[PDB]
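Start from the sequences, fold in the hints, and give me the full structure.
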Amino acid sequence: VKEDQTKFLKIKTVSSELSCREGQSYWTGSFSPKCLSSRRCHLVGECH
Amino acid sequence: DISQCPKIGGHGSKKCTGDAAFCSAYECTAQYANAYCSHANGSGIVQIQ
Ligand SMILES: *[C@@H]1O[C@H](CO)[C@@H](O)[C@H](O)[C@H]1NC(C)=O
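Line by line, the protein sequences are chains A and B.
Using the working numbering, the first residue of the first sequence is number 2, and each one after it goes up by one.
Using the working numbering, the first residue of the second sequence is number 13, and each one after it goes up by one.
Wrong hints could be hidden among the right ones.
[Said to hold, decoys possible] Partial list, computed: chain B residues near chain A (C-beta under 10 Å):
| # | residue |
| --- | --- |
| 1 | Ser15 |
| 2 | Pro18 |
| 3 | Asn53 |
| 4 | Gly56 |
[As the list claims (entries may be wrong)] Beyond 10 Å from chain B on every Cβ pair, some chain A residues (computed):
| # | residue |
| --- | --- |
| 5 | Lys3 |
| 6 | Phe9 |
| 7 | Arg22 |
| 8 | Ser26 |
| 9 | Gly46 |
I should point out that these hints are in silico values taken from the structure, not numbers from a laboratory.
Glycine included, each C-beta is placed from N, C-alpha and C at the ideal position.
What follows is the structure, encoded as structure tokens:
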């Protein structure tokens with residue numbers, strides 16, 4: 002009714018972005034080795 | 013007891029024979045022996061780092 006109601010619904014367009022659709026993935030980091038050594042003479046244990 | 017077998021160029025109480033290492037270390041007899049002395053499978057001196 003004139004001088005009444007007049008309700009406004011607005012659709013603001015904030016932004017348009019070119020998003021990514023990820024495929025495969027994996028994880029990685031930094032690694033360092035540690036070694037334990039044992040020296041045995043011949044015919045000792047499995048020194049064959 | 014290996015304390016009885018004489019050391020090379022030494023005196024002992026029992027005739028004693030063995031393998032190559034024993035004959036290199038101790039005196040292996042030329043007569044009838046009383047015991048057989050083999051070298052230890054894995055023995056030695058163990059050192060840790
Ligand atoms: C000597 O001893 C080792 C263990 O130190 C063993 O594995 C090996 O079979 C032995 N060898 C023989 C009995 O000829």
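| Is the nearest Cβ of chain B still more than 10 Å from the Cβ of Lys3(A)? | holds, 97 Å
| Any CB of chain A closer than 10 Å to the CB of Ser15(B)? | For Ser15(B), the interface hint is violated, since the closest Cβ of chain A sits about 25 Å away, which is over 10 Å.
| message | Does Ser26(A) clear chain B by more than 10 Å, comparing its Cβ with all Cβ atoms of that chain? | response | holds, 42 Å
| query | Any CB of chain A closer than 10 Å to the CB of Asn53(B)? | reply | holds, 7 Å
| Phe9(A) remote from chain B - nearest C-beta pair above 10 Å | holds, 82 Å
| task | Closer than 10 Å between Cβ atoms is the bar; does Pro18(B) clear it against chain A? Give me holds or violated. | result | violated, 27 Å
| field | Interface hint for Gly56(B), Cβ within 10 Å of any Cβ on chain A | value | Since the shortest Cβ distance to chain A is 7 Å, the answer is holds.
| Given as non-interface: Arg22(A), which should sit over 10 Å from chain B by C-beta | At roughly 54 Å from the nearest Cβ of chain B, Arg22(A) sits farther out than 10 Å, so the non-interface label holds.
| query | Does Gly46(A) really sit off the interface, with its C-beta more than 10 Å from all C-beta atoms of chain B? | reply | violated, 7 Å
Comparing the model with each numbered hint stated earlier shows that hints 1, 2, 9 do not hold.
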